[PDB]
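Undergrad: In case you want the letters, here they are:
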Amino acid sequence: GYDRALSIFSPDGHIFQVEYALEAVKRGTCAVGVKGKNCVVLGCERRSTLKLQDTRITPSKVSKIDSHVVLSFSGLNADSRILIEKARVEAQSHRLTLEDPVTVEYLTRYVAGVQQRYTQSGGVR
Amino acid sequence: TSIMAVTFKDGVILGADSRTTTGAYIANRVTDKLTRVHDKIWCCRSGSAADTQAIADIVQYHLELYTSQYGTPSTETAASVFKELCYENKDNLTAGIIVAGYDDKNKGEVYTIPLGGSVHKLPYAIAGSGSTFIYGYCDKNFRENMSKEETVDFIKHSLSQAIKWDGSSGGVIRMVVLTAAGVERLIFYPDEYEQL
Amino acid sequence: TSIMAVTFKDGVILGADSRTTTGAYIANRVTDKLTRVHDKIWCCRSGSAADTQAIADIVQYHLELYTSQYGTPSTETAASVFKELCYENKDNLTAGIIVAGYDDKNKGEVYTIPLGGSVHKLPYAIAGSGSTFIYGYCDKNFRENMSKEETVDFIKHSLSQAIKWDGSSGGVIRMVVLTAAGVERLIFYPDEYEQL
Amino acid sequence: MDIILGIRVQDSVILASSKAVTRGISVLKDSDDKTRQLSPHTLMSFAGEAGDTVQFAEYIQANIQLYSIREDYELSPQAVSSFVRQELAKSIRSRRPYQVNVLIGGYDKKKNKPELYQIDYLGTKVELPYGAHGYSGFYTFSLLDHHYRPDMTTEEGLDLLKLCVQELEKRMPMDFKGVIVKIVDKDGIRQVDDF
Amino acid sequence: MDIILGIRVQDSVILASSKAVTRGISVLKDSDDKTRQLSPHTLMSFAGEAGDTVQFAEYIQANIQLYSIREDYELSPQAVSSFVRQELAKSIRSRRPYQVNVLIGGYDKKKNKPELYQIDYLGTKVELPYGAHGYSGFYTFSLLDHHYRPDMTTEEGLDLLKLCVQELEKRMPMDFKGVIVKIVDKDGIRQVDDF
Amino acid sequence: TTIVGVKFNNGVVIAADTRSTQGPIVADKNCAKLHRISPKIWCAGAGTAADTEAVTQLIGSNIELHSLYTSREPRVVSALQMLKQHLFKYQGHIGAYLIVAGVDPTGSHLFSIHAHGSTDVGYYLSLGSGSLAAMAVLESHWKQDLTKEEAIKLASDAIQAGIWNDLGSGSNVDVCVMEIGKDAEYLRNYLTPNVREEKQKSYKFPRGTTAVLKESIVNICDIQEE
Amino acid sequence: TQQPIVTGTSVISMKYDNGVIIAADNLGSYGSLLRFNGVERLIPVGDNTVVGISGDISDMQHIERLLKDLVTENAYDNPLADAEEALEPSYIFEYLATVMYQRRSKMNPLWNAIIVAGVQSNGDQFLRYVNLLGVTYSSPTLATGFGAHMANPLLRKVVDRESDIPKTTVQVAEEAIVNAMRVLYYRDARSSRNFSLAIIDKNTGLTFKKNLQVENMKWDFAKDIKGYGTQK
Amino acid sequence: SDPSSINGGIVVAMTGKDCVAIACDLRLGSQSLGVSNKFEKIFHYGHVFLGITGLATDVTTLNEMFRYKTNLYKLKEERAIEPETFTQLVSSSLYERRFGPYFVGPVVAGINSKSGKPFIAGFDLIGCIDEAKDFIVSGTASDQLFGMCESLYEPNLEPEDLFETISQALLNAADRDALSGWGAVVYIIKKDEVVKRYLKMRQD
Amino acid sequence: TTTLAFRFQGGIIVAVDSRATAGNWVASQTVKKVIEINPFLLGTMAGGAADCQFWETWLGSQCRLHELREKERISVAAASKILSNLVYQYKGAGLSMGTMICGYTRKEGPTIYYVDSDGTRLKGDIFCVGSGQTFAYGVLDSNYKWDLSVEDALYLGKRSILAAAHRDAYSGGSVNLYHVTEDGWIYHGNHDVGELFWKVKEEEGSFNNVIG
Amino acid sequence: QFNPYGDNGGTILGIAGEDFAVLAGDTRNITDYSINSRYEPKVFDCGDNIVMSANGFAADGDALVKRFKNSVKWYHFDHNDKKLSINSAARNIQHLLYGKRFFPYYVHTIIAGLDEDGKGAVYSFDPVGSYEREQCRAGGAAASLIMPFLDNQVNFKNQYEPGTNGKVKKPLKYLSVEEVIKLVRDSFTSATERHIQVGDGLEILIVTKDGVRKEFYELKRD
Ligand SMILES: [Mg+2]
Ligand SMILES: [Mg+2]
Ligand SMILES: [Mg+2]
Ligand SMILES: [Mg+2]
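Chains as they are written, first to last, in the numbering used here: chain A, 1 to 125; chain B, 1 to 196; chain C, 1 to 196; chain D, 1 to 195; chain E, 1 to 195; chain F, 1 to 226; chain G, 1 to 232; chain H, 1 to 204; chain I, 1 to 212; chain J, 1 to 222.
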């Protein structure tokens, strides 16, 4: 199998592949989160360079991970689907084994863990 | 067990090894397997020791009572009594018996009674676990109307080979000679027959 | 089945009957049980026909590949390859094989490999269901350094008796002679060997 | 587990399941709920081998809930029953098969029709107006064959169900400690708390 | 059959026996009386293999009635129990043994004492303050070991018996369709028609 | 099933009956038991019918690829070696018992092969439940240097012995003749000695005899235009 | 219930225009060991009947003694014992069939298959079979054991139905029987070369042939057979 | 215990003049217990018809498997699969489970769309093909069907005459089998019209 | 097999199916499962066909001998006990019997005894025996009253066998009805289940699950 | 272990007409895959206008027929040469069979004749003696192939009158002896095609007030 170390340290102690991934995030449409006293609001930018779009069927920017937790993102759209699927599977797995839905912190910790893993595993970006 | 009986010019000779085993243990290394049911009618026993001793004792009784009433029984008659016990009780017996005897009218005769209780009159007969290994040798070397010395040699050589290959056979080679002259017992020790 | 191999002055001869049975039915009455694994290394097969054919084909392959790399294999080497297959696959095989071969350095050699996959180098060897009936005859009649004609007679007479008593053996007697002069096939029909 | 019954009436599906759990000599519990909600308008009752029943039911529940979140859509009762059948058909040729029989009661919101599916541990699926597993059908089907009408109300269905349970309580040797009854219709799933 | 219980109080012996008869799949009857009066002051309840139970009980009944007529005298409970034990001890080494367990409740008119004997199909006899056969004792003996007193009234015995039956109805898997209860005292044998 | 193979002057002939059974019931009355491994290598199968067909087609497929790879016409010894090594590996669990016959550049050949993987050579062979009936005929009439006509006659007579005497065999005789330097000639239903006699009565019903609840047209066509 | 110990193999037979023929080999097997080589398995009863027996030899010798006793018993107080009141093949068969069925009904069978061949008083051919189960049947040709599978097909080519019997001479019938015995020797592992053959004819009576041998055997073709596939 | 007779049921197929017929009962059961009277055992993929008897879970699984495979066939081949070709596909698919087989008795029926030739075929549970000219039978009353078909069948029957023959073969065979019945369906198949008829029969 | 018998105001109703099977093969659809012991006594066939036929015919002979000797009709109690005592002697040997002995006498009134090959003898009001017994019990239990008319009781017995015949694979063929009075039994015909099912479906409105 | 039973194959068929009765059977006898005989009679005239066949294990079959023929002989001796009626013969055979209840005759028995009103009669028995009067009964190897055909062609089962569509059944009109023989021959011809144990020959015994007549027909021998 393809084992090449793509994420490595540079002489100044930087991992450029991780830093270049942040540059992809910088390019993505803007997302914002604000929590009130009894709510949280997620706002997302839609670039109007694409009209003749069918808004009924086009992938929406905010995704339900469970009935009580949502996830929005900035960056590569295709990449986000992989994280969303993994998070949704883990949410159901947690309900199955702990008999309680995930806390927001736990779900965050899981997604963040997947992202870290892809920074020191061979053959992946 | 290795047993045989062979007719010859002057009569018949019975031969046997002396080994009795319980599994791989030799319970008796000097067994006498040549048993007398009448003066000049003897038998070689193979199979269950309990069964063949029981059968032989009953036959000896039958022939003793026959003799008191009708005089000396023929070898055919003795074989018939053996057969009757073996055939009718075939479900409950494990016995393979060779019957050998000397008449003056019929001379030397040999009858073999295998497991099922059938009877077969033969010039010579071999039986027991050791006999399997000497079917070839005996068929090639047996002649009719041999002398006493030739027949002793034939049996000595035959049972020597049976003992050599069969773990259930061994010890001394016992023989009983049946002729007009009488009844002679012979014994041959390992140091003799092993060098043949 | 009745099979044997016998070393003699000029080399070694393999012998076999030709009967293959499925129960009491003779599925083949003209079987060839003498199989070539190398030019002057042959074998006699007993046990499962499927197993011994499979083993022999694999050995023939191994010795063909050995020859291409290292030259002519010894009879000991051939026996070792047979043993390796029989020993390591003892749980899944029913095979009793006699290996016979002629070298110029070692001359005639015979190795027997029984059910367990052990090896035994012998002056001669007998195997198969029919062999039980000729242990006595073969032990009494085998001599070392016999002539070709004497060895042919010894095998012919031995297998004749095995065929006579064993229902699983019969048909023609096949033989293969291995000497410096080459490889000779012999066949003997019932009308010949039954009158011996 | 023991008795599981189902009946599809005009506008709903009713599932009745026994409350007893017996481990050999003793009745360990008399309030056990042998059912799992797979989606808002789909309910599954189950019976079979101990352990495997709850393990299979919760596994199916987790999978349907996952589909619901991924697509933001509730699968039809027919689609759920087909998914369940395949899982059991797969299981029957496994190293250790799920020994679990199920009834699936669902209300199809698209067709506005109640639907009842009966599936055994082999993966044998049939759609029925009424069904059961084990010996339950042997006692109840003659009553259902007589009284059942396709235009029955929910109340009439419950009354016919009571007659079935009464016949079970009379002729069955085992004490199954009554039944929990649940109704599946256009408004979802609810439990009848007095039966 | 299934459950048979017995309790010996101050002045009487009380026998309780289940009413169900089950032939495999179906409960064929729910009013079966698993007892025979052997003499005016001696009652025997029974349970075991089908057919053999009633055959054995009626055989014993016939024999005790024969003795009563021949001698114009009622045998003591002890004497009847010894006769029954011998018949079962004889039976256990027969070609086909009687597979029958019994309780014998009698009032001894000579000693003015109630007596309860427990005998199994092997011919194992014991005199007890309270007894049972099968699994009945496993559920009831802890209650009897706690509450039993030798000076209890008949009414107190019936109340302790009700507690035993309630525990059986709770923890036993089989529906035995209640019990028929009979009292044996100085005045003879009577059935409690509301239990 | 009865199957035979017979060597003759300039080739080999194989024959078989045409009855296949499930227990005591005759599933098919005109079954084809002669199978083609390659144009001039044919075989007949007894035992588990699916196994005999499957193992024939698998080795036949691989034989065809081997022939194309080597630019040579397939050999009978290759079919034999591939069949036996496949069967041995499955330790008799593939219940194929075959008689394999054919011609190739090396000459004419006749072999038998058993389910556990053992093979045999012969001038005349028989297999199947009717093999003892067939072998009785072969042992009575076989001789060295048979002609083509004599071998076809002997083979079909041996199958007839199975047909009439074995309950497992029946109906017709199929024959295939493989001669050196010629096309193999497959003779399907070479003999037809078991035609059913005319029935005493016609069992054609009057129209409207069967009670019908519902009628409907079944749409076998695809979704239509417009 | 028992098991056969010493056993005899096939008995074969057929009808021809003027009578019947029956044959059986002279071997007594002990499993795969070919133990006894001089066993007569065809037993004549008078001058009109031959009884051929396969299976357990101890039981055969018992049946032989029963038949011997039957002849003795029939002669008792019977002035026409060698004429009108002689034993018929049909009488001998029915007696044996009765014994065989009775023994199986006590779960203690005589482990045999038996063919009774003979000619009746009126000249009619008699040929009928009975076995350890008491099963009986008649046919223009009859055979036991391996003979049923290999001999019958050959013998049925000569006499296929009843109407073929008058067209079949004694020379053609004996030829067919002798050939069948050769085929059995080729193919039965519990057979021997030596056999007996009996002819019962309505004109020439009972002809009993002992010490016959299988001859004209084909073995020469074996010399060309080499290996089991690829060996040259 | 025997997987091929847990659920019960039968299928029969016949050829006529320029036509074929295939028929089945409607019962599904759990041994003695009748469970469904609407369990149809005949399916079709284009103009090719497949009847399946045996273990009901495998009947459903194989229908789904052959729908799967014939759909992919059509997308790649750009034409509907023919009866002869589909027969080989069924045989191949069954043999691939040689040592863990589907407990079924499939039956194929159809007319080749190019030659117009009527075609039928049968299989054992592991794939052996029976290609009869006259008729094919399958299921728990296969003995009864063999008896009916052997006496009732004659070659070259017109479509409406073939309907009567196959209907009477099914009905009377099913009435002598405990595990078959509870309704019946008959398909009459011509080159470009197929008629489906539900029969009235006893319900015990 | 499905057989039933029940006591009511007007006597006893006996109803049976007609099917016999050997495995899956339907051997007969015309089996007589009510044994006419004598003009006053009926017995039902379940388990072993021969065991029931033979020993209940034999029972008729014993009943006839009893009334010749005692000059009085045998009681149902005594008749049933003669059979149960007989089969008890054979216990272990492999008899197979499950039967209802039915009669109506002066001293007893309408009486039914369930007699069985392991020796069981049970008096009762309603009994059902056979592979389809559970289906018939359902219809019986929910519709049974003591004060049923002869007409309604006959129909209830017919309807209960039909229920079993429909669902139980090994029950069917036809329904045989009997009404047992004090003056003897009266036969109420043979009813083909095929024809009966459609007739009952239409007139009653039952079996809506089945298309007709 | 010794097995006291065997299977000799064979198929038999009894049909009762209005004033006649036929009992037919194939003449082939077999064990396993071998043919013992192509002509071994299986249907027997037992006297008193009664014909009988006991199909299955032939040793038990021959024993039973032999014991019944004997029972007819002793019935004449004991009851002043009174004719044994078909119903009386049937009850007698039950007792012969049930006498070996715990070691049964491994056969399926059928008898045929005329009842005391001159009408055709057929009785059928199981191995241990259960019996019934029947109109139509096949027995033995190919019974499952023959009975459904007879249900359809003798009793007109599943046949309705054209035009009514299931409302009116086909009326059960009486069949002649020629008509019944046609159905018997077609039954055995079809059974011969599909069952390996059926073939060689067909022997039919016909019973009328005039007595017992025989007819023989060839069947395929493969
Ligand atoms: Mg030999
Ligand atoms: Mg049916
Ligand atoms: Mg039914
Ligand atoms: Mg046939």
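Keep in mind that the hints were calculated from the coordinates and are not lab data. Any given hint could turn out to be false.
As the list claims (entries may be wrong) - Within a straight-line C-alpha distance of at most 30 Å, the following computed BS3-like cross-link-like pairs (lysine-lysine) qualify:
no.: 1; chain 1: H; residue 1: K17; chain 2: F; residue 2: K214
no.: 2; chain 1: F; residue 1: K201; chain 2: F; residue 2: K29
no.: 3; chain 1: G; residue 1: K157; chain 2: F; residue 2: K148
no.: 4; chain 1: G; residue 1: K157; chain 2: B; residue 2: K140
no.: 5; chain 1: C; residue 1: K9; chain 2: C; residue 2: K148
no.: 6; chain 1: F; residue 1: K214; chain 2: I; residue 2: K201
no.: 7; chain 1: C; residue 1: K148; chain 2: G; residue 2: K218
no.: 8; chain 1: D; residue 1: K19; chain 2: A; residue 2: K86
no.: 9; chain 1: I; residue 1: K123; chain 2: E; residue 2: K162
no.: 10; chain 1: G; residue 1: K68; chain 2: F; residue 2: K7
no.: 11; chain 1: D; residue 1: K19; chain 2: E; residue 2: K170
no.: 12; chain 1: J; residue 1: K73; chain 2: I; residue 2: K158
no.: 13; chain 1: F; residue 1: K199; chain 2: J; residue 2: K100
no.: 14; chain 1: I; residue 1: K145; chain 2: I; residue 2: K81
no.: 15; chain 1: G; residue 1: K106; chain 2: F; residue 2: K143
no.: 16; chain 1: C; residue 1: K148; chain 2: C; residue 2: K90
no.: 17; chain 1: J; residue 1: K157; chain 2: F; residue 2: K204
no.: 18; chain 1: H; residue 1: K69; chain 2: F; residue 2: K199
no.: 19; chain 1: F; residue 1: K153; chain 2: H; residue 2: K133
no.: 20; chain 1: D; residue 1: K110; chain 2: A; residue 2: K64
no.: 21; chain 1: D; residue 1: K182; chain 2: D; residue 2: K29
no.: 22; chain 1: D; residue 1: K111; chain 2: F; residue 2: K7
no.: 23; chain 1: C; residue 1: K156; chain 2: G; residue 2: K157
no.: 24; chain 1: J; residue 1: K100; chain 2: J; residue 2: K73
Unchecked claim - Beyond 12 Å from chain H on every Cβ pair, some chain J residues (computed):
no.: 25; residue: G47
no.: 26; residue: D151
no.: 27; residue: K157
no.: 28; residue: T189
Beta carbons: idealized from backbone N, C-alpha and C, even for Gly.
Undergrad: With reference to the structure, classify each hint as holding or not holding.
TA: Tested hints:
1. With a C-alpha separation of about 24 Å, the suggested pairing of H/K17 with F/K214 holds against the 30 Å cut-off.
2. Restraint check for F/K201 and F/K29: the C-alpha separation of about 22 Å stays at or below 30 Å, so the hint holds.
3. A C-alpha spacing of about 23 Å is found between G/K157 and F/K148, which places the hinted pair at or below 30 Å, so the restraint holds.
4. The hinted pair formed by G/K157 and B/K140 fails the criterion: a straight-line CA distance of about 43 Å is larger than 30 Å.
5. Of the supplied pair hints, the one linking C/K9 and C/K148 holds, its CA atoms being roughly 8 Å apart against a limit of 30 Å.
6. Using a Cα cut-off of 30 Å, the hinted pair F/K214 and I/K201 holds, with the two alpha carbons roughly 18 Å apart.
7. Annotation: proposed proximity of C/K148 to G/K218 holds, straight-line Cα distance about 28 Å (limit 30 Å).
8. Taken as a hint, the D/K19 and A/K86 pair is broken in the structure, with Cα atoms around 38 Å apart against an allowance of 30 Å.
9. In summary, the hint linking I/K123 to E/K162 is supported, as the alpha carbons are separated by about 28 Å, within the 30 Å threshold.
10. Our distance criterion of 30 Å between C-alpha atoms is broken by G/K68 and F/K7, whose separation comes to about 52 Å.
11. Annotation: proposed proximity of D/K19 to E/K170 holds, straight-line Cα distance about 13 Å (limit 30 Å).
12. At roughly 46 Å between alpha-carbon atoms, J/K73 and I/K158 are farther apart than 30 Å, so this suggested pair is violated.
13. A C-alpha spacing of about 42 Å is found between F/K199 and J/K100, which places the hinted pair above 30 Å, so the restraint is violated.
14. Under the criterion of a C-alpha separation no larger than 30 Å, the hint pairing I/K145 with I/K81 is consistent with the structure, at around 28 Å.
15. For the suggested pair G/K106 and F/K143, the alpha carbons sit about 51 Å apart, so the restraint of at most 30 Å is broken.
16. Taking the CA atoms of C/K148 and C/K90, the gap is about 36 Å. The hint is violated against a cut of 30 Å.
17. For the given pair, J/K157 sits about 15 Å from F/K204 by alpha-carbon distance, which is consistent with the 30 Å threshold.
18. Straight-line distance between C-alpha atoms of H/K69 and F/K199 comes to about 44 Å, which puts the hinted pair past the 30 Å bound.
19. Restraint check for F/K153 and H/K133: satisfied, since their Cα atoms lie roughly 29 Å apart, inside the 30 Å limit.
20. Annotation: proposed proximity of D/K110 to A/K64 holds, straight-line Cα distance about 24 Å (limit 30 Å).
21. The straight-line distance between the Cα atoms of D/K182 and D/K29 is roughly 20 Å, inside the 30 Å bound, and the hint therefore holds.
22. Restraint check for D/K111 and F/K7: the C-alpha separation of about 73 Å exceeds 30 Å, so the hint is violated.
23. Between C/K156 and G/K157, the direct Cα distance comes to roughly 40 Å. Violation of the 30 Å bound is thereby established for this hinted pair.
24. Annotation: proposed proximity of J/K100 to J/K73 holds, straight-line Cα distance about 21 Å (limit 30 Å).
25. Annotated as non-interface, J/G47 keeps its C-beta farther than 12 Å from every C-beta of chain H; the closest such distance is 34 Å.
26. The beta carbon of J/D151 is not kept farther than 12 Å from every beta carbon of chain H, the shortest such distance being approximately 6 Å.
27. Some Cβ of chain H comes within 12 Å of the Cβ of J/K157; the nearest lies about 6 Å off, and the non-interface call is violated.
28. For J/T189, the requirement that its beta carbon stay farther than 12 Å from each beta carbon of chain H is not met, with the minimum near 8 Å.
When held up to the earlier numbered hints, the structure conflicts with 4, 8, 10, 12, 13, 15, 16, 18, 22, 23, 26, 27, 28 and fits the remainder.
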